[PDB]
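**Student:** Full structure from sequences and hints, please.
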Amino acid sequence: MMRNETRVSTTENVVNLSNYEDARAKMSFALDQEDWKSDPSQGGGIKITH
Amino acid sequence: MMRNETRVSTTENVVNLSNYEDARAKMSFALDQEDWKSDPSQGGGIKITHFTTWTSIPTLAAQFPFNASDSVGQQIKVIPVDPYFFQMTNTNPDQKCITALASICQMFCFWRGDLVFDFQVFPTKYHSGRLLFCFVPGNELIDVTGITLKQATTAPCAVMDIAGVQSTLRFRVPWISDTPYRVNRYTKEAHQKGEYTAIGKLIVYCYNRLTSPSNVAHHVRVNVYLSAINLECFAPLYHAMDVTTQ
Amino acid sequence: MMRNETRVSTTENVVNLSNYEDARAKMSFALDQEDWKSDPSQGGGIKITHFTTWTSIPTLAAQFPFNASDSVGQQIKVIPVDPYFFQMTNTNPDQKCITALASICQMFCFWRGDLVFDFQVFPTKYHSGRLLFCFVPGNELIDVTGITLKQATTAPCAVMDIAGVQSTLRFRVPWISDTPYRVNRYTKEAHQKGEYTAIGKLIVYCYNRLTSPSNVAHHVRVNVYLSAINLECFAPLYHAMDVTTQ
Amino acid sequence: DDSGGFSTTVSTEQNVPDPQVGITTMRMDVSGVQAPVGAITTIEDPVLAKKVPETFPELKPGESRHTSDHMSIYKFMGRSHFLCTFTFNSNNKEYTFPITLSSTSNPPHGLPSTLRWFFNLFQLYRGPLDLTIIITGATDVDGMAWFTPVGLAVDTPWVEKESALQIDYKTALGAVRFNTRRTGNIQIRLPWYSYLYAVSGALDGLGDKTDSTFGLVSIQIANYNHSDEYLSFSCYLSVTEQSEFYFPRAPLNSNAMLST
Amino acid sequence: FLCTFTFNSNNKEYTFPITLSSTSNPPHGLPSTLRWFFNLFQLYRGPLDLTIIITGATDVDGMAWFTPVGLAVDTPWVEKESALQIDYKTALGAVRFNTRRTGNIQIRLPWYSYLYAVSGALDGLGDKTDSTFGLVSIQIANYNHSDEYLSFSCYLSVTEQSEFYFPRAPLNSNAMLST
Amino acid sequence: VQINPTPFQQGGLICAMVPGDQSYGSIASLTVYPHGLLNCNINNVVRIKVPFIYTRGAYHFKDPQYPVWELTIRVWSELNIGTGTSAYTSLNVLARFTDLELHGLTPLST
Amino acid sequence: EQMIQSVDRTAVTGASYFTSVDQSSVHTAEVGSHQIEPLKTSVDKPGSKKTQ
Amino acid sequence: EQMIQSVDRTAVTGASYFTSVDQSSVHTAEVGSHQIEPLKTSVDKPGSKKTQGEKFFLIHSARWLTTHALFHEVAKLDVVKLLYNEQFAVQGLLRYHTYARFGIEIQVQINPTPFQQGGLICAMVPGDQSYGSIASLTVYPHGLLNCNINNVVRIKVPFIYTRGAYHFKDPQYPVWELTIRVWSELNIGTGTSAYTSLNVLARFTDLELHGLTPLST
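Protein chains in written order, with the working numbering: chain P, 80 to 129; chain U, -18 to 227; chain R, -18 to 227; chain G, 1349 to 1608; chain E, 18 to 196; chain V, 1468 to 1577; chain X, 442 to 493; chain C, 173 to 389.
Hints are not guaranteed to be accurate.
[Claimed, not checked] Capping the alpha-carbon separation at 16 Å, the derived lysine to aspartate or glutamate pairs in EDC-like fashion look like this:
(1) X:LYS481 - U:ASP20
(2) C:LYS221 - C:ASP342
(3) U:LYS18 - X:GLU478
(4) C:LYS222 - C:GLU357
(5) C:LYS227 - C:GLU357
(6) G:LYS1557 - V:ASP1488
(7) V:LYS1516 - G:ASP1349
(8) U:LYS7 - R:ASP95
(9) P:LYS126 - E:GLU180
(10) X:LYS486 - R:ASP95
(11) R:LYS58 - R:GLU2
(12) C:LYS253 - C:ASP216
(13) P:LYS105 - E:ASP66
(14) G:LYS1408 - U:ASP95
(15) G:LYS1398 - G:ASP1366
(16) C:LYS227 - C:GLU277
(17) R:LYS106 - R:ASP75
[Claimed, not checked] Computed beta-carbon distance windows for the label pairs:
(18) X:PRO479 - U:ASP13: 17 to 23 Å
(19) X:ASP449 - G:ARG1413: 58 to 64 Å
(20) P:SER97 - U:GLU(-14): 19 to 25 Å
Note that these hints are calculated values from the structure, not bench results. Built from N, CA and C at the ideal position, the CB exists for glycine as well.
**Tutor:** Written as structure tokens, this is what we have:
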């Protein structure tokens, strides 16, 4: 018998645009949900993190 | 007191068809949600886990005659170098004969790799002659029909002799591009500079003429096969690749 | 701050009736959600965890007389070899008597296994004779009524003597098929080549005639039982299996 | 040889599946500074056709810059692809469409687009599939779906008509029951129940009607008041990891690939 | 913020590119901060996260699909009936949503390009190809216009797998527009 | 499969083992199937070995469901001759079973 | 010096009672391999001289 | 038994990109051998890719004048396009190859007399300047030519571009744009020369070349 259960809290299906914790994607169009490696090649090794 | 609780995030009950992580089943009709073991038995032990099964099998893309009337330096056939090329058609039944490489690579946006052209002459032992197969790196819309024979020895080329113990010369085109990939543009309507499918054109000349006695056929037909090695394609789509007439 | 959150996947509030993983209860009426211990007491210690309980108990499928008037080589009864076969009916009360094997195997799409025919003659000690029980592997629509007796000794067969200390000959039909399973087609309306229920037909001849004195019955009735061993059935359905008349 | 066969010639396998990975990786130069011994060959001889083709000097093409390998089958075909679409015009009706890998079937009844393409690449298919149905238009509509293996009684396929069967026969095969108010979509795995080893996609005539049918998914809807708008369904097939593909065939000519 | 648009009729499609070029002036183009940010540096390489938000009419099913550059696609920034097969659409991958149940979507866009990166500041010929990241399209069906308006809006964010190269000079105050 | 071209003829053949039927798919692509290429210049003999590929357990001979194998010989490049050279070639096929299993003894004569 | 491979012309093949002497011959092309079934379609003994 | 030798028929020869497949072939006949000279006729380094293709070249020659206002563009240069020319010895390498990736090094030279005053910014701008501010040019790799301090600037930059290599025949868009702006105007007294001459020297660093090709244009 399945006793796994939860209660729906407030803010059901509201979109918080304000932070990348709540703005990150919930799915993808990328086949096999793949990741992209880094490629400095043609960019002169100049990467801007800040 | 039950404090287990959660909040419903965005995208409530949306169907992502794009990946087997979100396309896998949420339930079954199978009683006891059972699994199926492997059974190679009647299948000959040949199991296909990958699409590189079909791209390494060289298939007949195109065929051209080599006449005894061709003066030295005449272009007999020009091929764009892209996996999408086949000129072979059939009459009865009505069909457009598509190679194996063109039939896999038509379903993908982007392709890179080495394309291995396998040329096979059908001479007799009494024919003689030489062909020059030139690769001219560029887009496929560059106009190559003005290039003489001495100029085409600049480009990477190979020369095969007609009559010997080996029939085939395999011309492996290295990957030469300014972009890490090429693109399947045949879906789009008109041409756009900068967006190219082929990595170049493959010219075939008559290096030496065709000499032969009186009682043997005056020409030699030459099959052109096509395959691929070091192939990488991605970004699935759907397209029905049409016959390419020169 | 509560960051516990989830996304509602597809199939929201759909009921999958197909398996006890998704058919099990989500709550109870039982106070304190209590469980029940086992109690064999009044049940004779006989607990049934599996449907192979009913398929190993040989039951009466069919019965045919063996007359003293049968010339050598005459087919007395022909049986298709499938678990779905029973010809037994009753008059008062009105009913169609179904075996145990046919009543379990009617609820499943596909069946394979060995079917054990148990033949039981009812002679006196003063009768004499022999029967030949032939198995003719094929579908059940093959037309077998032209086969003479000498031809049927080609097929796997067995010969039992009527009068002895043992009554029964058990004819175990090996599994002979071109498919790993057979199928319950009696749900479908008309016949389709390639889709078959039985693995063959079981012919019964008169190998030697029936000899006997004047004061004993001139014929011997023969029960035909049916059971199954090494049985595998699956893919549940629901069907009410109708009486099979020859 | 076991069969009693002899020969002097070396018997060598032809067209081995999966020679290479479909992603660029390293597992210096490829060819060079030696000779193109690999540029002359006899393509007729299967011992000499396995010679690694090499012509000019070349370099190893680095690593491919995304993780996944898109030329795998269990990835590419994992994406669920279109199958059919249909619309109920009246209440209390049933609709039954088979999953038929045969190419003799021309769409709208049959496999279209990529599926029609893929199941013709190879000879045999054995295993479960994942199926997702998507509902459009009218709401507050309860409906039941059930999967029927081949050979068992089922209503006329590709046809919308009132049910000929019992609610008892339907539910015995197993059934989902959904409401188009609450869900609007379903994703459910289809079992592999067959009296056959596999189901081939390229066949003709007699063998085409039996061996090429995977199974028949049916859908029945009730409580559809047609004062409302249209009710549309659509079906999309994908391939599990328990499916297996055998013995590659030649791909379809460009005149045999249709679309919907 | 990225754009906003409204369907005026049923069974129509709308296709807008993600174009980092600054020659494009909004409403067709990048507005506000995006127009500002993608002009800070020369090269951009990597995936993006995209969220679409739905307003107005309810009980509307719709499909979205991402098309890499160079592949066949309908005229951008234009609302018109579909020119393509349902088979060609679903092959690129597609979500299918209903505006009754969700009202919002958030989905990551892959990086599929025959190019190393996509530069935001370019002119003329090179501007039409190298500056387009990809074209998100949206098709809606079962929209009965007896109902109210149906509004969409799109908002871009940057994943941690994106990379920014070779800083440029920021835009002059006359080149930053708003929507 | 055996041809006998004289060296004054020229041409080719592909001989492929096709399970079931050819159905539709391309003639150009026959090299996918187990095959061999008969070339008037090189080889006059091809040999092919293939296991049992079929959708069932065994091939029932009396009422065969569908043919297990189809062997197809296509002109891969046309035959060409000069004047006087013989205008044809003879072609023959030799087939046999390997690893043959047999089941179901049976009186049925057909 | 390097050696470039070539077809082996003359070969002799055959099975049981039969024989093939070919001048132009070439290597044989296998596919797949003999498989054993995990689930036997026919459990009876496979036919042979002694069964028939 | 003894073996009598014979010609080896089939062989494969070639060099760089070219290949020869001969059925009838035969061994090659050398004479002499490569010699080294005890007395060098030419003592300079023997030419190669690095001597020819990577040297400095005079790209553009302009003049900065007192009538150029602030932010006036003294010289606008498409650097690589000017390096592709019949005049410059790098051509013979580029004319026969399709694609190249490479660095760039600029040297810009003015000659103000100490009685003049003014400034310049010389910046390497990938692609085009597009829009963004003229004030902000110091973001790009640059140098400030000041009549008081330095008359020479030098700049070194890698290959920045959206593709693998810059195709010279049909170039997609210019890889680099060099722009020289009047950073503060030129001012003189009476009689001081009214101008300065300005010249630009550009070259490739780490030049790679791909795609030999007969296409003459």
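**Student:** Could you check the structure against the hints above and give me the numbers of any it violates, in ascending order?
**Tutor:** When the structure is compared with the hints, numbers 2, 4, 5, 8, 11, 12, 17, 19 turn out to be violated.
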